[PDB]
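Enquirer: Chain by chain, the residues:
2 protein chains.
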Amino acid sequence: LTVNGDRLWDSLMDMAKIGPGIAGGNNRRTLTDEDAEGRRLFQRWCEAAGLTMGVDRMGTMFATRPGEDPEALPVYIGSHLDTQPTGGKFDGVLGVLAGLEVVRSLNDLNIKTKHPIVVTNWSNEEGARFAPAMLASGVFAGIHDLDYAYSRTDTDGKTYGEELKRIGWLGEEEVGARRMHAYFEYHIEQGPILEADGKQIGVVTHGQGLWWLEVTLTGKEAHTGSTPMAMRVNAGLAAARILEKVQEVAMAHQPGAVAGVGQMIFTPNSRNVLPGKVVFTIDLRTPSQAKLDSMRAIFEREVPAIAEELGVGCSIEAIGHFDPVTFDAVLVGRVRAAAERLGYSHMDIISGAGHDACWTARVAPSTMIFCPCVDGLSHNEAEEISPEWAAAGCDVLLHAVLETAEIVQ
Amino acid sequence: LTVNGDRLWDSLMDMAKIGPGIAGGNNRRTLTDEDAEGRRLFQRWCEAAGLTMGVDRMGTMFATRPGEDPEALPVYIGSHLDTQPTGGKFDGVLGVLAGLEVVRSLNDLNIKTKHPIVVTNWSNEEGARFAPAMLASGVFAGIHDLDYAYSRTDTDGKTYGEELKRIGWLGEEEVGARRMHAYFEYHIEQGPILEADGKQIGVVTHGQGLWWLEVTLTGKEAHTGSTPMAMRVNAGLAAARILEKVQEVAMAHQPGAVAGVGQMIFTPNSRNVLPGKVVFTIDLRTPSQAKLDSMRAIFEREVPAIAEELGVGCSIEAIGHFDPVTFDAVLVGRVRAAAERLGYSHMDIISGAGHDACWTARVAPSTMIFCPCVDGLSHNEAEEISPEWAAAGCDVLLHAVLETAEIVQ
Ligand SMILES: [Zn+2]
Ligand SMILES: [Zn+2]
Ligand SMILES: [Zn+2]
Ligand SMILES: [Zn+2]
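Chains as they are written, first to last, in our numbering: chain E, 1 to 409; chain Y, 1 to 409.
Any given hint might turn out to be false.
One copy or two, either will do: identical chains are not told apart, so a pair holds if it fits within one copy or between any two.
Claimed, not checked - Simulated pairs of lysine-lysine, DSSO-like, Cα-Cα distance not exceeding 30 Å:
no., residue 1, residue 2
1, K277, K17
2, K277, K245
3, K158, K17
Since the hints were made in silico from the structure, they are not lab data.
Okay, chain E solo, but in the shape it has when bound:
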């Protein structure tokens, strides 16, 4: 049994035509008109494949294929259609549309299952327009209330909840109200491991835990000409030395830990004035609870000490956190076995990023499947997979789901 990879591929290219970016990728941020366009197209496809559409109060979309057991809970296949402003075509979209290809493959064969199958598009997974990321799955898994989620505002000062109403995807359903037999998410690695190790299938075992530590450094705004070295209070240098320490800390915890900085903000950011304020986020991740606690403790001690070294003030706010996630070992094994059975090359991998699956794992037996991506490139328009990679993992998805939903024939 396999999926129609050509049909999968075509769907990916059709969805990529909505909210196209500036370089062959996508800018289809959550709750834009472009996102509404993608939602509608997906719904059209879902209906054409015999699925009934449910929508929750966060706008998550649940497309149900009936099971033959009316008491059986559904096997959910989820991801997200929303993208980064420099979005790739495959991040998120692959998982959603793989779920759709699974259905279509089951419809082609008239397969009946005991469990219903529900293909799921989570609202605002990316957290690019409204933070946090994984916002709708967050409410679903009880991580935060609807109120909190609704009040998230974008860089235009519009709220999530207003925008959700504006495009008319404020659904009827209570968020978190569905119980899942199981949850699968198929996604690109967003990293270079599978490609570099030549593996078609990443058997996701865990998701790495993280802290986002937002560091605000307070310097003295001082002309870089007229201020002698000995009288500088240099928040940019402090930031710099902290970035070194972050690298040193990450390296002391190898293997299987990361830390680094993506976002750095100097104020005023003039060429001839030392910053009054420097803000940055230390992103530290590991599947190892001990390493995550250890890096976080180290940062809490050393970051202000490095600031203090330069007379720079320092406050640290935890703006993101979850502990390492263990995917359901039975579902993991199904994915591993299916990859073996299908003759695909495969390895076990840690999910480096968070996904909606990391939240569903709290309320439901959850796992993920990875396919490779070229050069580990993600969150960028040049993000690439082959149709062969797309289909390989969708095949593993088909098998793992069908084993879980249970074929009636």
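Since the structure of chain E is already known, use the hints to place chain Y with the ligands on it.
Expert: For chain Y with the ligands alone, coordinates are given in the frame of chain E:
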């Protein structure tokens, strides 16, 4: 014997009322309409003091007080009325309005001079809106042609030359056509030295030379979750290590050198994506030619080696440069002597920043006078001096000018 410090102070407070900033300072950037308003008020004052106004093709304003010798070249008293967006009330303004106070004090006493005195408001000294700084004095001293200066455009894409015409300060006079007997500029220190050493008067002997080395680092945009440490090409860490090098190089060149970074720009600047591009300016300065060449050479060699260490691409563009300026020893001497005779405390100081004086020094015997400023604060709305500080240095200015222009009696 002295200036009216009350009248000086009042003029400062009147000028600070035009294009007021957010917080006690000024946003009266060059060739804004509020710049035009400041120009107009200064002209009104100038005319009421018996000065005739000339304007060059850059909009520099030259207010002449007659001399008794019709062949004598003028003693120029210059600064600028344009401010940083978060400008202080005193930067530039003090010099121009001190020139006006000198005139008024000479008029109060009906003093005649051999040399005419010209009060000068240079256009776009700050270089906030249209870069570089010292644009009008630059053209005056032949550093750059009118073409280049006119073609400077702001962040809105309006050109300097359009804007100059818009406000109707495109003057008749050929830029650089005036020959100066002498040039004085009275300016705040913009640094903490005079304040820290309890001196009222900075006798400026030299202006430090500079290089501005804009470094563009090319990294790999890579998710900070999904990318293993060993596969990162981290342009932000490269930037960090370069900032540390910059500090270590600065500290090796003490005494009498600076280097540091005010401007840092990460792209895309997301929390979960390592930058594809980091741009920053290494601002390095010293009155020592040897140390300036040394620092420059060391950066040109070591910055790419730091980048190469991390696999980061590196490109260095010199975006600004002038050599150390020696102010005219005779005019320096007069400033020092006038401070001594008047009983003000005083020290020799190096101009940390560039000023219009540093360009006039090419075509004319030039010097500067500094007064203190609170905490070295400049290019910020909380930039502060006392009326006492303002007046002490304007007194030294009156004496130095009158000795140079020569009293008739
Ligand atoms: Zn995703
Ligand atoms: Zn993503
Ligand atoms: Zn100035
Ligand atoms: Zn200034």
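Enquirer: Given a CA cutoff of 30 Å, do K277 and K245 count as a within-copy pair, a between-copy pair, both, or neither?
Expert: both (19 Å within a copy, 21 Å between copies)
Enquirer: Could you place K277 and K17 in one of the four classes (within, between, both, neither) given a Cα distance threshold of 30 Å?
Expert: between (41 Å within a copy, 28 Å between copies)
Enquirer: Given a CA cutoff of 30 Å, do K158 and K17 count as a within-copy pair, a between-copy pair, both, or neither?
Expert: Close inside one copy (26 Å), not across copies (36 Å); limit 30 Å.
Violated hints are absent here; each numbered hint is respected by the structure.
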